[PDB]
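Taking the form deposited in one PDB entry, here's one chain by itself in structure tokens.
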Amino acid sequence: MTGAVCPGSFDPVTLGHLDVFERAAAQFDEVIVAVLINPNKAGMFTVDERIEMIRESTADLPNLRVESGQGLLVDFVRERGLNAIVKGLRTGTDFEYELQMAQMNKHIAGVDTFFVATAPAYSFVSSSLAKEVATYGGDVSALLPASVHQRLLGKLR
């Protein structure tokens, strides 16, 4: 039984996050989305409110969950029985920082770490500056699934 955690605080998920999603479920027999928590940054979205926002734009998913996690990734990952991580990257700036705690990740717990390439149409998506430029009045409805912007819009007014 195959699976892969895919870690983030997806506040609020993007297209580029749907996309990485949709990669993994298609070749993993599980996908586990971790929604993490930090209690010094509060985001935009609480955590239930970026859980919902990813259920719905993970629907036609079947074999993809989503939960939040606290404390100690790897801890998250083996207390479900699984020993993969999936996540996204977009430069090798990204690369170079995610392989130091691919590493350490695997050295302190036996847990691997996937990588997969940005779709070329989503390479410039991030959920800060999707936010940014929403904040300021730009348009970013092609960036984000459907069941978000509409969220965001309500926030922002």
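Positions refer to the first chain, counted from 1. Think of the rigid core as the biggest set of C-alphas that the two forms share within 1.5 Å after superposition. What changes on going to the form deposited in another entry:
Summarising the superposition on the core between the two forms, the listed residues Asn63, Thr91, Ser126, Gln103 contain exactly one with a Cα shift of 2 Å or larger, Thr91.
Form deposited in one PDB entry done, so how does the form deposited in another entry look?
For this one, just the chain is written down, with no partner chains and no other molecules.
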């Protein structure tokens, strides 16, 4: 009955994210992808769009499910009877801030955070940089799942 939560805004999900989802699904009995929403700032994609893009690119992972949430991550985790977070690392990750949040999350709720580095091929993509590059016409098709790329181009046009 092991389990972990993979949190993020996923606006949109990238292949860097999916790599980490796959590793978590391979190493824990259940994985919940937590799409965390700030109710005070809209992203590019609505919550239902974000979830649909993740579901479409994780259909081969039977022990992974996707849910949205807001507020404290550790409450989302604990209310599902879990106490582990799995977070990806990429080039440009603010690791010091991730460490700060991990120590805080352990302090307030006893939840552990496990970090895993994404594959080198996917290590320089981020949701924000992919959106920025695509906005100005750059080809990011190789860094995003098919469930995302043309939806992204659609939002931009």
